[PDB]
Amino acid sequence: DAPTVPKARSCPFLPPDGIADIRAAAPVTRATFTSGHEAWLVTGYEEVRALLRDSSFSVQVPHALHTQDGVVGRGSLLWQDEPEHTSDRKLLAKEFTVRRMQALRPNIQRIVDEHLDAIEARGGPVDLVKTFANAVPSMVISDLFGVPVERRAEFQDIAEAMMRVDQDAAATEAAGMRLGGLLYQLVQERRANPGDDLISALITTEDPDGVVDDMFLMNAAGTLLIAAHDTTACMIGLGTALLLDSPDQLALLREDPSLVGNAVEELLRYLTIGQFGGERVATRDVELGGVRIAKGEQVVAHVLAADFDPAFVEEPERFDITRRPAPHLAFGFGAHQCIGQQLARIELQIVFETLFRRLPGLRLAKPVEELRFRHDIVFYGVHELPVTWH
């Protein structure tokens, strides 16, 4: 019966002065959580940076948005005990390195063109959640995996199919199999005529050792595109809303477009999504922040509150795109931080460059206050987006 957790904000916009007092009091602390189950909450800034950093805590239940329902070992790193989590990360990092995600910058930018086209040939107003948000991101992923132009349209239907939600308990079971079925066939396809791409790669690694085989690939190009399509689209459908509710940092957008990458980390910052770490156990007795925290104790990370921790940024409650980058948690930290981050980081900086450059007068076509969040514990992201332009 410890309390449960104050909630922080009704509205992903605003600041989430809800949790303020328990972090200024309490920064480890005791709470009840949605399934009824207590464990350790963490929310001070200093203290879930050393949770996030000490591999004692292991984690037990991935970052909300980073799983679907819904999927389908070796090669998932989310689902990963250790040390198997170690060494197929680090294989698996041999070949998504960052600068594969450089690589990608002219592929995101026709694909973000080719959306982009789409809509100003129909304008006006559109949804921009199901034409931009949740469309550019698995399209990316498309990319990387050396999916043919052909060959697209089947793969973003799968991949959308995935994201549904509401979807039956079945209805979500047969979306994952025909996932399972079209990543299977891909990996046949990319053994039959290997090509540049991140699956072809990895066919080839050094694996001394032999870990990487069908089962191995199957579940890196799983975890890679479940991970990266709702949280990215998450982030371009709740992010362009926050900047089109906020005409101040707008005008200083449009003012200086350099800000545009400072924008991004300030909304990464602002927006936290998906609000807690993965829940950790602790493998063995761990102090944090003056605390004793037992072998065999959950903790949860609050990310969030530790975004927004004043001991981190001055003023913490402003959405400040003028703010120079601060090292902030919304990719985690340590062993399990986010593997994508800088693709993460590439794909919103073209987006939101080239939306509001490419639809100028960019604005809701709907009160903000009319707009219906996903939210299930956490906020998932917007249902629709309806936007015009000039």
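The term rigid core refers to the most C-alpha atoms you can superpose between the two forms while keeping them within 1.5 Å. Residue numbers count along the first chain shown, from 1. First, how it differs from the form deposited in another entry.
Only one of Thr240, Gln275, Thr232, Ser142 has its C-alpha shifted by 2 Å or more between the two forms once the core is superposed, and that residue is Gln275. With the core held fixed, the Cα of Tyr380 is displaced between the two forms by less than 2 Å. Taking 2 Å as the criterion, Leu14 counts as shifted between the two forms: its C-alpha moves by at least this amount when the rigid core is aligned.
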Contents of the next structure:
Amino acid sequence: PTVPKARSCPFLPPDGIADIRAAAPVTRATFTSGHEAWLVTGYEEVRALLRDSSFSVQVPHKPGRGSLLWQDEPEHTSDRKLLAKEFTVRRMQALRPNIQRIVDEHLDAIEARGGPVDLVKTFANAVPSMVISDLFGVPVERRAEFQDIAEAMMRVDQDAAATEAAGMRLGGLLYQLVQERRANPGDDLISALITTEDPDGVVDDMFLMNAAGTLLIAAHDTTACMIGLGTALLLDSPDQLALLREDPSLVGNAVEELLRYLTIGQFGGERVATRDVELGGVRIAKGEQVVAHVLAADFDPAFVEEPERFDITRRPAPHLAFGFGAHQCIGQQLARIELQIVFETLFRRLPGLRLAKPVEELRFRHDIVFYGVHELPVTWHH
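To test you: the structure above is the form deposited in one PDB entry. What is the structure of the form deposited in another entry?
If you are looking for partners or other molecules, they are not here, because only the chain is given.
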């Protein structure tokens, strides 16, 4: 029975998913090219699945060390403990000033051209990426290079040839970068990894490259998607945009509801048992595959009321946009501070911000290859 993918509203979960979940939060279904796993759609259930260490992870449709996202234990746990040791709350909080300066520079450029602009190119894709460039200690004069190579590999309208080329060049640049930090260390996170406590000498150029490239895809893709879709969604919900413009102290809460309303987690691991297990009272044989649908769980009417209303005033609750358990996003705190600053500054600084074109004209894609809006033409009052 094939999982509903089709959207009659581009901001909302696929129409079928609600009926499936109400029937069977845990249930058999047929996938992409599938093949044919357990679909988990309930909030309690997706939470009990991600939480249970007797499932292991697999790339969704190969690692390796320091990339975390698809590593099994024991090395996911030790690799994560290594990275987490320099990639910390303080290093993340410490980045606020950078994040405001980068967001101001990009709004500065946009005010210079005047509108309309495409917010996706000129801002949503460029900020996350430049914040990673700072985190990696990329100097001012190497920044254009770093944007271009990162943007290039992220670009999705090209033959397999050119895509693979642009990735290989990213790999190559990050290798070059790890070596420059070996030669001339500073404060960035790559320097601090090179000196981390490492008894089994696990942190080698390859571990740094895997970990740096994971951080950077997380920013350049997921965070970028989340700024373009959420802007789009807010510029298409006047009641909410009004609350936000009267009372910007609601930004942090609007950021939390944007994450619950839009997060799909296409990238987050198929689980597999390990051994037998009951989830939601349903018997999962070891090693059948399990797909956690976090969008569905975040729209489970047992988790929040009227889950399809987009309401920036909801009480805080723990949504699952950042996963849960062993693999829960180790960057959620940088994502929450970037999003907070991005949205507070964009709406203050571009009064009247609105779509340039009516909303049925935007083009979306909703898969693993790509998730969000291809361009976001906006204008505002000059």
